[PDB]
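A.B. asks: Here is how the chains run, residue by residue.
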Amino acid sequence: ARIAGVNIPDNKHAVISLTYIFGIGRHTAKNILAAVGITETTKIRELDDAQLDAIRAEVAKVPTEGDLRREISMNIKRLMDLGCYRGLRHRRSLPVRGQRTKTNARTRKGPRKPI
Amino acid sequence: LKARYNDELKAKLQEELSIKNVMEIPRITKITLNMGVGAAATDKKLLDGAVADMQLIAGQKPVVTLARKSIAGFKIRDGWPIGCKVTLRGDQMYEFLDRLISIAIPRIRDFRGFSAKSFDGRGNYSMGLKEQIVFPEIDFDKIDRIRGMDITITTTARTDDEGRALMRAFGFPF
RNA sequence: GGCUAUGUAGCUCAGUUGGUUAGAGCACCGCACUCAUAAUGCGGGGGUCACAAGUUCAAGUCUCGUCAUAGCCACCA
RNA sequence: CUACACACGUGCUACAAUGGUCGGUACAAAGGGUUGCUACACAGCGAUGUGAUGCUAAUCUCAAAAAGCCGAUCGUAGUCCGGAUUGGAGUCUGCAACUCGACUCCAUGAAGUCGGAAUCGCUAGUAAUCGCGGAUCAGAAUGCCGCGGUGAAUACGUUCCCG
RNA sequence: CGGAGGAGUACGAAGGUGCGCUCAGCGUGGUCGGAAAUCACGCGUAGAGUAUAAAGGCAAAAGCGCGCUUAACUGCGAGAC
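Quick mapping for you: the protein sequence lines, in order, are chains m and F.
Take 2 as the starting number for the first sequence in the deposited numbering and just add one per residue.
Take 4 as the starting number for the second sequence in the deposited numbering and just add one per residue.
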């Protein structure tokens, strides 16, 4: 099926399939299915068009994909523009939540660089 | 469309622009579809994919556009083919416009993607639509990678305001 | 005054086939072995063609010129 | 004292099927508790809040042992593996959590598919693996010092390495 | 033994014919895609091209396409340079 603009897997159960959308986790999928009425373990290929429409309508009430990406970018850019300590860390591409930088910062600062 | 423009949009546009003569009423002449593919001579599979996509989006057989001149910077020579193009006129272009404004725009994630201006000062409009998807075609399985596309609407309007009036009458967002 | 020849990693060298840059070995830098060195083993990154002009698959791979360099010819009265 | 182009030592969590998730259901030892530990009820998805009860403790409490067993599901995929990093919303200690705390919920979902030359521990209730407690301490353990659960493989021998 | 450059080939189509078409540059607009690729519209405009050196030429284009083809024939040849 194609939900919220992406093609989710068809053979996987509904809860696992719906977490393939940027902005939906297991809890959110678990709540959407409960709200609509579809059983948790039903495969995607076994849903009818009306149930697919119901899921597609339920997905509309939470931020997803492009909108959520835009909002996160807006927050980070606002921090960098303002210039507080957190924005300075974002500019420098260093840890933002107070972790040590003497060692062990490879996720933020990328692979090692020779001198 | 067709009958709609023939029956009301003509007099409605004449009212809108205070046009003196029936011929000075703007009309839309042709719609041209273009794909420009680089490195086509490398494989030619992407070229066949381009001609296939064109044949589905527009119910006409495309023609491949050959390279003119030979660029050292790119890997092209004047011999190789580097694109595909189609021209739509009359009923075909009218149905293409109808299907476009019906299906494509709702499906694309960004909304009101066409800007306000996008004008050459000649009443001719151009839009660049990303990905060959967002059109009635084969499902995502059993197709190649997405390919962007260029739509160009060439009209008899003399000025940009006349072009904008024609598009708004047709229902174009801008 | 005349001809020939050569000019590319830090050094030594191949360059090649005008698409194409280019590859090597030492060297260097990190790691290891050692009480500490050397020797030794492991991993890695490096040159864009002596330049100035033109023609074209800019081309280091063609042609001209300037410089640096090596060679030997500069004779008979 | 927490800086950050880099280099090293000691550890933790993994790279999955001898496993992950969900439901049901068993079996410890040791230790701490009056500025303290709290049965139970209500509110909250939750960390927690409010009321209230017993305890100066073989009497009341921390307290749920976890791996285990039974049933379902996932079927080898960077995945229902992994849990780093980042956006948003909170709780508590404290005069005060910006530099610079711990924890909770939603979202995000990085490297990693068993590791070169080399090098370390261990001979039996040992190694391996699973949880529980304490001192320091308002708060702040993957460290340190302890406690139990499940429970192996291999030793022909002294030629070589170290003492 | 004055000043500058080329040749010792290529092509069964790059020959014949019928029909058809015009280059190059600049400016706007348009996904990747930019100084420069393909698409659309304009403005000045032969500055393009002609297998290859230069010169004399080239709109009935001698420049560029497509279909059919072998006149890249045999015997000659008034008259000229």
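No wet-lab data here; the hints were simulated from the structure.
Heads up, some of the hints might be wrong.
[Claimed, not checked] Over 12 Å on every C-beta distance to chain m, these chain F residues come out as not near it, computed from the model: (1) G41; (2) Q58; (3) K64; (4) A70; (5) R71; (6) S73; (7) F77; (8) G86; (9) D94; (10) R110; (11) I111; (12) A119; (13) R125; (14) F143; (15) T155.
[Claimed, not checked] Cross-link-like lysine-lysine pairs, in silico, PhoX-like; alpha carbons within 25 Å at most: (16) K33/F <-> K145/F; (17) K5/F <-> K23/F; (18) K23/F <-> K13/m; (19) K78/m <-> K110/m; (20) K44/m <-> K47/F; (21) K64/F <-> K47/F.
Note that CB positions come from ideal geometry on N, CA and C, so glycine has one too.
A.B. asks: Confirm or reject each hint.
C.D. replies: Consistency of the hints with the structure:
Even its closest Cβ contact with chain m, about 27 Å, leaves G41/F beyond 12 Å, as expected for a residue assigned away from the interface. With a least CB separation of 23 Å from chain m, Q58/F remains clear of the 12 Å interface cut-off, as annotated. Taking the minimum C-beta to C-beta distance to chain m, about 29 Å, the non-interface status of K64/F holds against the 12 Å cut. A cut-off of 12 Å between C-beta atoms confirms that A70/F is not in contact with chain m; the least separation is 35 Å.
Listed as outside the interface, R71/F is consistent with that label: its C-beta sits roughly 38 Å from the nearest C-beta of chain m, beyond the 12 Å cut-off. The Cβ of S73/F lies farther than 12 Å from every Cβ of chain m, with a closest approach of about 41 Å, so its non-interface assignment holds. Look at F77/F: its CB is around 32 Å from the nearest CB on chain m, clear of 12 Å, so calling it non-interface holds up. The claim that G86/F is not at the interface with chain m holds, since no C-beta of that chain comes within 12 Å of its own (minimum 28 Å).
No beta-carbon of chain m is positioned within 12 Å of the beta-carbon of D94/F; the least distance is around 31 Å. With a closest Cβ-Cβ approach of about 8 Å to chain m, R110/F is found to fall inside the 12 Å limit, against its non-interface label. Residue placement check: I111/F does not keep its beta carbon more than 12 Å from all beta carbons of chain m (closest about 9 Å). Consistency note on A119/F: stated as away from chain m, and its beta-carbon is indeed over 12 Å from all of that chain's, at 21 Å minimum.
The claim that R125/F is not at the interface with chain m holds, since no C-beta of that chain comes within 12 Å of its own (minimum 34 Å). Listed as a non-interface residue, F143/F fails to keep its Cβ farther than 12 Å from every Cβ of chain m; the least gap is roughly 5 Å. Here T155/F stays apart from chain m, with its beta-carbon at least about 27 Å from theirs, past the 12 Å limit. For the suggested pair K33/F and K145/F, the alpha carbons sit about 32 Å apart, so the restraint of at most 25 Å is broken.
Simply put, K5/F and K23/F have alpha-carbon atoms about 23 Å apart, close enough for the 25 Å limit, and the pair holds. Only pairs whose Cα atoms come within 25 Å are accepted, and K23/F paired with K13/m is rejected, the gap being roughly 65 Å. Straight-line distance between C-alpha atoms of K78/m and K110/m comes to about 19 Å, which keeps the hinted pair within the 25 Å bound. The suggested pairing of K44/m with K47/F is violated, with an alpha-carbon distance near 39 Å, which exceeds 25 Å.
For the given pair, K64/F sits about 17 Å from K47/F by alpha-carbon distance, which is consistent with the 25 Å threshold.
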